[PDB]
Each structure stands twice: as C-alpha cells, then as structure tokens.
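2 protein chains.
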Amino acid sequence: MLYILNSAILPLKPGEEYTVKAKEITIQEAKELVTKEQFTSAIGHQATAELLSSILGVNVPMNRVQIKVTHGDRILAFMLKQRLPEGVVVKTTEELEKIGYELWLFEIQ
Amino acid sequence: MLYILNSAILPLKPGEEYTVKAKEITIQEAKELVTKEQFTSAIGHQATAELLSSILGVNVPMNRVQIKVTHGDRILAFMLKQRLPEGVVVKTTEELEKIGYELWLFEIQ
Numbered sequence: 004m005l006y007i008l009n010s011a012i013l014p015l016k017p018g019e020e021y022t023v024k025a026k027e028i029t030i031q032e033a034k035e036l037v038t039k040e041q042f043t044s045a046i047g048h049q050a051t052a053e054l055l056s057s058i059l060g061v062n063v064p065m066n067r068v069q070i071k072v073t074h075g076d077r078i079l080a081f082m083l084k085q086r087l088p089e090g091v092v093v094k095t096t097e098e099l100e101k102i103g104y105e106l107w108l109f110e111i112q
Numbered sequence: 004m005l006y007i008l009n010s011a012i013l014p015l016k017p018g019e020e021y022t023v024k025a026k027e028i029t030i031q032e033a034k035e036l037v038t039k040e041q042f043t044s045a046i047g048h049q050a051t052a053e054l055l056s057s058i059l060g061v062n063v064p065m066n067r068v069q070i071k072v073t074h075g076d077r078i079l080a081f082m083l084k085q086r087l088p089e090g091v092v093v094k095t096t097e098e099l100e101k102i103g104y105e106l107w108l109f110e111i112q
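Chains W and B are the protein sequences, given in the same order. Under the working numbering, the first sequence has 62 at position 59, and the numbering climbs by one with no breaks. Under the working numbering, the second sequence has 73 at position 70, and the numbering climbs by one with no breaks.
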C-alpha cells in the first residue's frame, strides 16, 4: 500500500528490520503515484490535505488514522522545509507554500 | 553523526537518494549508543527529553534545531505508540509512558 503522510515519518511495524529507499520526488511524480496506484491518506492536517489535493488534482483527504507500514509498502511524505515548534499548527495553504515543502518517496522492504 | 529525534522522522538532505536501515532497539541499546558515540539531540519536547534523560541516565536536552541528515548519519528516534492529533502536546513523562513508545535506529547511506 501507498500511504500519504504529512511528515517524513516512518511508522514501521514492530517485529522486523527494514531497508528503506528514499528519494525526493516532484509534484508531477506524486500526481502519477496517486493517480495510478491504490493509496491511503493518513494526512492529519486540513490545510496540507487541501494544498496537496489542489496541486495534485486528486482528493487527498485528511484522515487521522494510525497506520503501520511494513514490507512492500510505500510512503509519499509531505515534509515542510523548516521545523516548527511542537504544538504549532499552520492555518493556511499559503503559509505552507511560503515555508516551502518537499515530497519524499520511501519504499519499504 | 548520531541525532536523537522524538518522532521517527527522516529529515533527509535534498540532492541525494538514500538507503536507510531501520530496526527497533531497546533502552539499553540506546544507552550504549548515547554513551559511546558523539550525538546531537534535536528533541523538541521537554517531557520527552526528561524521560529519555532519566531512562538512559544521560543528558539528552531539548534542542529545537533544524537538522538535515545525510550519508553516514544515524537517527535514534523516540516514537509514541499512538498517533496524537496535530497540536496536542503531551505534558508529562507519565503520559508518554502510558501511551507507550518505541525507540528506532535508522542508519543512513
């Protein structure tokens, strides 16, 4: 399964060791992923869900579910380019864009 | 460099692709790491810093710095066993322990 997350987090299933390949991808590559592959959104932030949905032209909903990734899964991670203090919640898509972000693809095995 | 982080995050330096090995480690293994290796704490949460410092018997300070990890770096990640809503900041070490946590070691190349 491909999971869409809004930090470069690896919520790995315990009991195993993993090798994870990681690279940055473009919005266009992300669009290809979410248009051609099954995916589950685990985005926990509404403005990020809205930004991604707008820039990818796909419905990427906020879905505050706990997930565990295992062998064969992939993660498309939205990662802000600056670290924010804990508790700080960005309110607008414009702020996310001005802070800047990267999309990373992690492939788990 | 070994970095100590309080989520299973991979703040990877852009411009490269990575292979990352990941496994869960024990508190004792973590103690060995932070006692025998150079390390930089990037823990952004005081109660987590205090919990880790207490259970490892080493000074792991809160240090809200932006970091970027690259080839040859390692990350010791504190990861809570349940996902909390964004903005929610745990106030006590007792709550962290009752939610439960895992320590993961990521080795980047």
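Don't read these hints as lab results, they were simulated from the structure. Watch out, some of these pointers could steer you wrong.
Each pair may be met inside one copy or between any two copies, as identical chains are not told apart.
[Said to hold, decoys possible] Straight-line Cα separation of at most 27 Å, DSS-like style, residue types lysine-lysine; simulated pairs:
no. : residue 1 : residue 2
1   : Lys-94    : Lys-24
2   : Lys-71    : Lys-101
3   : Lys-34    : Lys-84
4   : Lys-39    : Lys-101
5   : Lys-26    : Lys-71
6   : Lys-94    : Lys-39
Hint check:
Taking CA atoms no more than 27 Å apart as the test, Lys-94 paired with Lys-24 passes in neither setting, with 32 Å inside one copy and 35 Å between copies. Proximity of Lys-71 and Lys-101 under a CA criterion of 27 Å is satisfied inter-copy only: 19 Å between copies versus 31 Å inside one chain copy. Proximity of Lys-34 and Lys-84 under a CA criterion of 27 Å is satisfied intra-copy only: 20 Å inside one chain copy versus 31 Å between copies. Taking identical chains as interchangeable, the C-alpha atoms of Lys-39 and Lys-101 are never at most 27 Å apart, the minima being 29 Å within one chain and 40 Å between chains.
Taking the shortest Cα distances, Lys-26 and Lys-71 sit within 27 Å of each other both inside one copy (20 Å) and across copies (14 Å). In this assembly of identical chains, the alpha carbons of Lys-94 and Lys-39 never lie at most 27 Å apart, being 30 Å within a copy and 42 Å across copies at closest.
When the structure is compared with the earlier hints, violations turn up for hints 1, 4 and 6 and for no others.
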